[PDB]
Amino acid sequence: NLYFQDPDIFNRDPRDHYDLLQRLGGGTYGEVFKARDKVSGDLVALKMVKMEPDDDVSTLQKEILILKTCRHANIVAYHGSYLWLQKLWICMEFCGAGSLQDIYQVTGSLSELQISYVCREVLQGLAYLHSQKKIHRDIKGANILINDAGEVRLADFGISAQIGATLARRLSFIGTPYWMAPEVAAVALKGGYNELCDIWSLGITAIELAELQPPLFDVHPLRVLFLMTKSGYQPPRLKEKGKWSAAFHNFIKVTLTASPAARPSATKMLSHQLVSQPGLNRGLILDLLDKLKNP
Amino acid sequence: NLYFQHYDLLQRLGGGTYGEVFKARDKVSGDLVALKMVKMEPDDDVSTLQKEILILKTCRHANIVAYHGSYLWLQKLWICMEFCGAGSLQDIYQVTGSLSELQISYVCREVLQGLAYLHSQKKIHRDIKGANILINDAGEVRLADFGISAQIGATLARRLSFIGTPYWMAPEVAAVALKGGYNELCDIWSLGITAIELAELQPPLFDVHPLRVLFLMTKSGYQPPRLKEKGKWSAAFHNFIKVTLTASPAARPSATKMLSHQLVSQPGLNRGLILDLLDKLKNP
Ligand SMILES: Cn1cc(Nc2ncc(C3=CCC[C@@H](NC(=O)c4ccccc4)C3)nc2C(N)=O)cn1
Ligand SMILES: Cn1cc(Nc2ncc(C3=CCC[C@@H](NC(=O)c4ccccc4)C3)nc2C(N)=O)cn1
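So the sequence lines, in the order shown, correspond to chains A and B.
Residue numbers -5 to -1, 5 to 294, in PDB author numbering, belong to the letters of the first sequence in order.
Residue numbers -5 to -1, 16 to 294, in PDB author numbering, belong to the letters of the second sequence in order.
So here's chain A without its partners, still in its complex pose:
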């Protein structure tokens, strides 16, 4: 729909249009490289995903169309895709400072104002994704990128941006779909039903930026999961008291509401004093980036 706001995939080596520079990272999502446009000199990031020989082109085109229509200032901008020698290459906006986890592992804990600006920017991205009937499902410091201008970008839009190995692992969790009714298959493909899980993850991420680890990081993962099934379950909180304002403690209290029925939406969270206060701008993050270079 052109009323809401050119080829889908090039059958060509992206090295025909870009000079591959340094490897930025890697993992289950594939490998990401910094690159430079041969004509304009503009910098981009290129993600290389290994494809299976039997991956069908019909499904790949449907997946790429989702990347093409899901766009917001607070999500890494998608530019295009290349399919060459069994590798899918996704071209996108370059975020020079890497993830918030890459940064805080050097700088230490963020200030309350720096966290407030990050939360506001992530909530703007989530309000957009939730309006499009998508669920991110992987909000955390390692998945929030920062560019050299101090701007915040979600690394991708989560569930519906998965391709390659990450998507293969999610398909294993879903299991065989041949007996699912269409409405069950819809929830499985979307990655869930309740988008308010993202609001909880943002609350945990605010603690992660304040404390350098999410709550209970040291507890065996299967125990953390089992404790969430118990009737006595209590959500986590900030470890320190006086270091943080009453507005920050309240933001954590309301985002970390165990019952999704009582948890606020992304748009309602954007009205919370913590993220609606004046003085939240990229200058706060330029100060964090300067700390990174001159410690």
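Since the hints were made in silico from the structure, they are not lab data.
For every residue, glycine included, the Cβ atom is placed at its ideal position computed from N, Cα and C.
Be a bit skeptical, because a hint or two may be false.
[As the list claims (entries may be wrong)] Quick list of in silico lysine to any residue cross-link-like pairs, SDA-like style, CA-CA up to 20 Å: (1) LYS229/A to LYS189/B; (2) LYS189/A to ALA185/B; (3) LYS67/A to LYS229/B; (4) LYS189/B to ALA261/A; (5) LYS229/A to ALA185/B; (6) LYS229/A to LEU64/B; (7) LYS292/A to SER275/A; (8) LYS189/A to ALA184/B; (9) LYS132/A to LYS229/B; (10) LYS229/B to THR68/A; (11) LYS229/B to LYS292/A; (12) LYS67/A to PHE225/B; (13) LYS49/B to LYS132/A; (14) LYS139/B to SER171/A; (15) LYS139/B to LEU221/A; (16) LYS189/B to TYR232/A; (17) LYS229/A to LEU188/B; (18) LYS189/B to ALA257/A; (19) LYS229/A to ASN146/B; (20) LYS132/B to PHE225/B; (21) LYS189/A to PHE172/B; (22) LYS229/A to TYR28/B; (23) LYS229/A to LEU66/B; (24) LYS132/A to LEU226/B; (25) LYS49/B to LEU221/A; (26) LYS49/B to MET227/A; (27) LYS132/A to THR228/B; (28) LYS229/A to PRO214/A; (29) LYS139/A to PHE172/B; (30) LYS229/A to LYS139/B; (31) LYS229/A to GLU51/B; (32) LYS229/A to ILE65/B; (33) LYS189/B to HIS129/A; (34) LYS189/B to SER264/A.
[What the hints assert, rightly or not] Label-pair distances were calculated between CB atoms; the ranges are: (35) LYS86/B to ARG222/A: 14 to 22 Å; (36) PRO294/B to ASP217/A: 51 to 59 Å; (37) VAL253/B to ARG281/A: 56 to 64 Å; (38) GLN85/A to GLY282/B: 53 to 61 Å.
Place chain B with the ligands on chain A using the hints.
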């Protein structure tokens, strides 16, 4: 609410991430039982054990593997249950070949009785398929369990294995109690697919990549599957498949309404049909 409604290990029957199931014999009478050996969670307490045992004791029906009792021994929870000697319908049809229309009609009636019971208790099974329908030596049909709500421990371990660490996950994504996006009618669809599976040895689209199937089923004009060999089946069986596989859940019939369908309400549907199927195993 009461107003509503030792052992010798013989051989391993089943196993998975949940634990193991063994065939067992009572030393006193020689009665055969199935014993499921479960590792309890490190944070399992008196109240969590009590709620799971209460659900096992109270969620009861003839067409669901019967709970007999449980005990703690060798640091494991042992659940004693009804023994179903012939295994699952999948274990059987992989040897015998496809079931006859009458055999499928009896299996569908028996599963629908189990589902009408679960749905009356506000439970959604969400795991109906040939591999999860067990048959005893008398030809009787039993759902292996009451569904995904009897598999919480295994789902948590599967989530850790394929999704990752849980530190940023909301508690509702793990507690998985009142799931949204669908209701009990998803079980009626799965039973329709199971009827095709018993007729054809595979569900429809069994050879299509899972991601492609998810995109196909979620497309607006999705056409529900049908039995592929038209002349082999009656018009009642074709209609049973058509109504169970209603794409819109708002229009899909309930388990109790399905029990009134000519296919499963016809006379002559009894466990002898399944004893005939088990006779094919002795001399294949
Ligand atoms: C250490 N370092 C890392 C970086 N910079 C990046 N590091 C990692 C990544 C990503 C990793 C995994 C997801 C990927 N996103 C997508 O594939 C995608 C985006 C939009 C729509 C659909 C899909 C982004 N991107 C950068 C960067 N864009 O600059 C600088 N320094
Ligand atoms: C090959 N073979 C297999 C069998 N027989 C069984 N095989 C597998 C299983 C099961 C496997 C996993 C689920 C388990 N059910 C439960 O844990 C449960 C039951 C009721 C309520 C709540 C939970 C039953 N049971 C048998 C059997 N009872 O005789 C013979 N031959």
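Against the structure, the hints come out as follows:
1. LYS229/A to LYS189/B: 17 Å, holds
2. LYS189/A to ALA185/B: 19 Å, holds
3. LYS67/A to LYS229/B: 19 Å, holds
4. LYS189/B to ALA261/A: 16 Å, holds
5. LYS229/A to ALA185/B: Status holds; Cα separation ~8 Å.
6. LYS229/A to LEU64/B: Satisfied, since the Cα-Cα distance of roughly 15 Å is no more than 20 Å.
7. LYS292/A to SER275/A: Roughly 30 Å between the alpha carbons, so the hint for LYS292/A and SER275/A is violated.
8. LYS189/A to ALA184/B: Satisfied, since the Cα-Cα distance of roughly 17 Å is no more than 20 Å.
9. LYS132/A to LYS229/B: Distance of about 15 Å is within 20 Å: holds.
10. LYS229/B to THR68/A: 17 Å, holds
11. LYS229/B to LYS292/A: Status violated; Cα separation ~50 Å.
12. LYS67/A to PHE225/B: 17 Å, holds
13. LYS49/B to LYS132/A: 39 Å, violated
14. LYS139/B to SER171/A: 18 Å, holds
15. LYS139/B to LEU221/A: 28 Å, violated
16. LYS189/B to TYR232/A: 19 Å, holds
17. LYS229/A to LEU188/B: Holds, at roughly 15 Å.
18. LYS189/B to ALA257/A: With Cα atoms ~15 Å apart, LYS189/B and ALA257/A stay inside 20 Å; holds.
19. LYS229/A to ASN146/B: The given pair, whose Cα atoms are some 35 Å apart, is violated under the 20 Å limit.
20. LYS132/B to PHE225/B: 30 Å, violated
21. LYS189/A to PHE172/B: 16 Å, holds
22. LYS229/A to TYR28/B: 19 Å, holds
23. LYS229/A to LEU66/B: Status holds; Cα separation ~18 Å.
24. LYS132/A to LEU226/B: Holds. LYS132/A to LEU226/B sits at ~19 Å (cutoff 20 Å).
25. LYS49/B to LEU221/A: Within the cut-off at roughly 13 Å; holds.
26. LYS49/B to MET227/A: At roughly 18 Å apart (the allowed maximum being 20 Å), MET227/A and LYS49/B satisfy the hint.
27. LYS132/A to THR228/B: Holds, at about 14 Å.
28. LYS229/A to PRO214/A: Given pair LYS229/A, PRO214/A holds - Cα atoms ~18 Å apart, limit 20 Å.
29. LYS139/A to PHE172/B: 18 Å, holds
30. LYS229/A to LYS139/B: Between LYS229/A and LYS139/B the Cα gap is close to 30 Å, so the pair fails against 20 Å, i.e. violated.
31. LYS229/A to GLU51/B: 12 Å, holds
32. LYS229/A to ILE65/B: Holds: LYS229/A and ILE65/B sit about 15 Å apart, inside 20 Å.
33. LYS189/B to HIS129/A: Within the cut-off at roughly 18 Å; holds.
34. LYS189/B to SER264/A: 19 Å, holds
35. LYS86/B to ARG222/A: 14 to 22 Å: 18 Å, holds
36. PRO294/B to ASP217/A: 51 to 59 Å: This hint holds: roughly 56 Å between Cβ atoms.
37. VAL253/B to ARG281/A: 56 to 64 Å: 59 Å, holds
38. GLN85/A to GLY282/B: 53 to 61 Å: Holds, since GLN85/A and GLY282/B (Cβ atoms, about 56 Å apart) stay within the stated range.
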